[PDB]
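K.L.:
Starting from the known structure of chain G, arrange chains L, I, K, F and E with the ligands on it as the hints suggest.
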Amino acid sequence: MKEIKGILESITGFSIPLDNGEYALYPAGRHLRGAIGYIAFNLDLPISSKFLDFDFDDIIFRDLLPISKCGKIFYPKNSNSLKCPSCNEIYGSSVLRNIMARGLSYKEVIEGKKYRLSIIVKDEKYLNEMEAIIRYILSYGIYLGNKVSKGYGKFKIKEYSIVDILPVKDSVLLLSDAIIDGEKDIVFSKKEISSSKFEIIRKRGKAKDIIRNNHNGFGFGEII
Amino acid sequence: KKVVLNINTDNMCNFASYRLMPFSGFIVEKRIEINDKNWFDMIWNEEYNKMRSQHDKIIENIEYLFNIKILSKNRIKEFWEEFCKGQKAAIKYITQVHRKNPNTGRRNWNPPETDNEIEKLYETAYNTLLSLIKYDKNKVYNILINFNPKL
Amino acid sequence: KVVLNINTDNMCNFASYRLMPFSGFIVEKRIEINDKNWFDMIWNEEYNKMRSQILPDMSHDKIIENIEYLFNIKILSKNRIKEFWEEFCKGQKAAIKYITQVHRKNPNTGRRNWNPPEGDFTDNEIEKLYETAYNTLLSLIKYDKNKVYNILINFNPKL
Amino acid sequence: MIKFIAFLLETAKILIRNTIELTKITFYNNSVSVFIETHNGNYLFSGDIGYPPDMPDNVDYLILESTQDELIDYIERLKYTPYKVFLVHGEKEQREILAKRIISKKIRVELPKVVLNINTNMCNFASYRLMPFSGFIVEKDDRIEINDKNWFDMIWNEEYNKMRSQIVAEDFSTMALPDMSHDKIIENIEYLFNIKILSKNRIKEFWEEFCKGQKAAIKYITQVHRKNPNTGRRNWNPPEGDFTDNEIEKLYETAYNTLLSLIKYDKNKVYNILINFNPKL
Amino acid sequence: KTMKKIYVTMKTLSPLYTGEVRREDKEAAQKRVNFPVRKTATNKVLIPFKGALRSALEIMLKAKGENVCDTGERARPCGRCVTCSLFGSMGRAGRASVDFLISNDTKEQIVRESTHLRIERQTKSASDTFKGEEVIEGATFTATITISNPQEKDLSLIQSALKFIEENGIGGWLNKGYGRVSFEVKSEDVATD
Amino acid sequence: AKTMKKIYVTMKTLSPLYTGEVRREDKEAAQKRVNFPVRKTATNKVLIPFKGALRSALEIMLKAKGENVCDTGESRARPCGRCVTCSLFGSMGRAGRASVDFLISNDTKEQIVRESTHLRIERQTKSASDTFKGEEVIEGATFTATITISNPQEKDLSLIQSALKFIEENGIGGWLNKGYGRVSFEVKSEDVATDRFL
Ligand SMILES: [Zn+2]
Ligand SMILES: [Zn+2]
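So the sequences go chain by chain: G, L, I, K, F and E. According to the entry's author numbering, the residues represented by the first sequence are 1 to 76, 78 to 172, 174 to 183, 185 to 211, 213 to 216, 218 to 223, 232 to 237, in order. According to the entry's author numbering, the residues represented by the second sequence are 433 to 462, 465 to 488, 510 to 568, 572 to 609, in order. According to the entry's author numbering, the residues represented by the third sequence are 434 to 462, 465 to 489, 505 to 609, in order. According to the entry's author numbering, the residues represented by the fourth sequence are 1 to 5, 15 to 20, 23 to 27, 131 to 136, 139 to 147, 153 to 171, 180 to 186, 188 to 197, 376 to 420, 434 to 441, 443 to 496, 503 to 609, in order. According to the entry's author numbering, the residues represented by the fifth sequence are 3 to 75, 77 to 196, in order. The sixth sequence begins at 2 in the entry's author numbering and counts up one residue at a time.
In isolation and in its complexed conformation, chain G is listed as follows:
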């Protein structure tokens, strides 16, 4: 049970359009999965062959919450923002920046900031599978958010560290959105290359918050 800890810098800005008009303040781990899925698809790996399944544990992509100036990690309930325990920074809406292109109205979060990579492999076969794509993305670049082909959302890894997992026991604070059948609306997709099938898979669950026993886990539902 190892990890892939990483500081990723946005070279180009990124955009993820949640419902009713809201945009993601940070890139989610579902996008870090999806992009690595395309990457493995073109790298001919068994990770690629498995990425169709959502319940695929082993390799789990926690969301990419941002790093503060104090070398630590921002934490989010009822607070559409991010705060850190050093209490130095509030990362929020101000980072959105509305872009009016030709006929296109959308918003993105600006670049120049740093985000976490944390892929908790449990079996070492998929650790080697993950090492190869980490040594790929270090070479070229990963594309998170919409408009990947236009160039939006390039992240360069500055630090590829193969760290080790010490599990957690609590009954804890959700870093992302659990899927318990609570009240948070969580929407995502299952775009299927070599089937020409796209489906928007919608779910409900818990917001990003207070949470209590087994907790055999914890990339929508993450907690620490």
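There may be inaccurate statements among the hints.
Output of the computed footprint for chain F on chain E, the stretches with three or more beta carbons under 8 Å from beta carbons of chain F [stated by the list, open to error]:
(1) 11-18
(2) 22-29
(3) 47-59
(4) 88-96
(5) 188-196
None of these hints come from the bench; they were simulated from the model. Note that beta-carbon positions come from the ideal geometry of N, C-alpha and C, so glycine has one too.
P.N.:
Structure of chains L, I, K, F and E with the ligands alone, referenced to chain G:
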């Protein structure tokens, strides 16, 4: 007493048994660092900024001025932006764009699509939107929705 | 390591940061930082190698006072100060030759190529003002480029 | 123009007794050689030699090869002897040994961005003519030129002037100026703004030199107000009006005193003063 | 699988303009510059680089006679052309993903505020002026073209569209001389890391 | 659609040539050593705005013939999108067919840009009241610009050459009343199939 260099040491010539490069410097004292002009343009900007830290009649008139392009979609959007900002920004905005420059004589309104008629239509724009600056914001929204679809 | 080979006089103060406008040559030698003098000496050393194979001292305040006085009588105009800046910038032997050229009393005419003084002065003293001008402008050549520029932009800004 | 690699020829861009007409191309037998004609040239790629071959009818260029007597026999018996022969496809010393004999028959050889000399002396040392020179290679966007230390001296002096006249001593950094109330500052700068002594460029330049400290503003206002000894001219714009000569001087003095009195006011205060006059900054 | 990587270096030979798209940054620069250049928050200049490629290949391959749809106009990619297979269609994902053209340089070195006019033709005098910002010449920009499942007709089409960008220009104000550039290209095939 | 007209224009100055420096930082850096710097590239080559010269030349000459050509000269005016200058140089709803490159010189500043000394003389005293320095591009300096016309008609060549004789008569750049900017044009025209890069 220490020295640190902050300019690229890669695109440099070789001549006369010394690997030399002509370069422009900005020797800073703190160590003694040698910076280029990009750092000096930076510091010059950032010290600058630092110092730089410190009712049917209006419908008929707006329907007239939409066709001869005096008031325009950008003008509707920014006048409605001043109204949505409040009332002081509205008076400041229409005072600013009605402000005929005493040097050149050209107003900031868009031209109609004589000079007496030009002044009369620009005054019509002033009394029209300055009358509109006092009404309720819902009425301003419904009148401005008809001509600019977005705002 | 890196060695600067420049005396750090003429350092201004931009906000809270001390600052020097400067031009030089990165030398990958001790990664030395060398001035233009270096380049002139090494150019002439390679010229001699290639072809082979086939000043009085005056105080600074006295220099300001004398250049002040000679500026007021218009012996040292800004045309003279500008051309002296050109001939000093070109080098020192050029500045020596230029100052000897303007100070050389021509044996056939008896005329110095300076500008005459404004005002009534005896011919002996007018000559002594000329010799004073020779002494200061020659003594100016012993200094570096930076103090020469800083001295003569108070009298000809643009020089 | 032949570019050596085989043999490329740039006129049609062909690369090496009936006549095929593409650039008149015609293959004579070597006992095979090709004679190409173009408006700028009559080139001959001979190939190798074996004894009575078939030389073309004027062969302006003759690109031959050898590794010795037969090469020269073929160098003769060709009407209108070539301008330049080319010695290819052989060992270098044997090519030079043949080439000495093509020079003895007075025929020129060449053994296998535009660059401009902006130089100026000569020496006759050894077999070749020369001039020793240390210089500079500039690589402009369509030329590559050669210069000496006089040109480097001129651009070095231009860089020194451009970099000295770019940073003042205590600008943007951290007394005895005049003092006058805000109301008289209003009346004076209104009056000196209608007539053009205090104009929007001058208010803007006061704003930049005030943001760069009080002393930069004092230096700017003094050098604007400094009357020349010779011309007697100050760097103000002339007032538009009758003002004969003495209230001209009192009016420039009013501009001097009003700006110098405005200097010790607060930065936000002089900002609220100036934007009524110059809306920009 | 093979993945084409096309490193695209662009030396500008003419002033360059691309309008800022960020609305709050546009009103932030509007009191100073009427036409702000599209910048980063890293303070770097990026240029849109896919629709120039797609438009170049569209007009060129159109007049060659290859069946392409014009994605200028109600524009709808088909899914059939060389253009829809290369750069993308509605359903089928684009084989080519082309980066923004970020400069190797920052903004205080390469983009400068400038002056543009509108001159009356009878009085021969500047009737209007405005501060549009513009990118200096010789400023080198960089992108990577990520092509997946390549054909043999992929190198030539990308360099042909790059030469069409070299003659038409990139960015905005394309008819008053803005954006005339040159391209240096370096290609590689990557299959296994 | 299938063809483009290419107009290689080589222009050689028969007079001193002044166009103004446009960039604020370049101007303010050279508002000290010279007071009217000319337009430079950062590759140190002289820029001349060419499209407005041709567009102005065509609009004056076509209003002289009485054709229903508009005028984008007055403040904040409107391209009607229906004239021949509106078809050639563009409107607000449609772009211009004739993409007009900047007049790029083949030399740099030390070869063609010279500083100067321009004066203002008092009429009664006959003395120099004012002095100011201003850069100019020399006579005999030559420049290139490529005008590329997509969707060509028959008359784009004739209108572009006619505009170039009008530019020769009036001048190009600034200080046109003092004799600056009088030039001569040479044109090499070529028809092009648009797919020649394939
Ligand atoms: Zn299609
Ligand atoms: Zn029109």
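K.L.:
Are three or more residues of the region 188-196 of chain E within 8 Å, CB to CB, of chain F?
P.N.:
holds (count 3)
K.L.:
Holds or violated: the region 22-29 of chain E covered by chain F, criterion of 3 or more residues with Cβ-Cβ distance under 8 Å?
P.N.:
With 5 residues in contact (Cβ-Cβ under 8 Å with chain F), the coverage given for the region 22-29 of chain E holds.
K.L.:
Are there three or more residues in the region 11-18 of chain E whose C-beta lies within less than 8 Å of some C-beta in chain F?
P.N.:
violated (count 0)
K.L.:
Can you take a look at whether the region 88-96 of chain E is actually covered by chain F? Rule is 3+ residues, C-beta closer than 8 Å.
P.N.:
holds (count 3)
K.L.:
Given as covered by chain F, does the region 47-59 of chain E meet the bar of three residues or more with CB within less than 8 Å?
P.N.:
Check passed, 6 qualifying residues.
Violation of the numbered hints given earlier is confined to hint 1; every other hint is satisfied by the structure.
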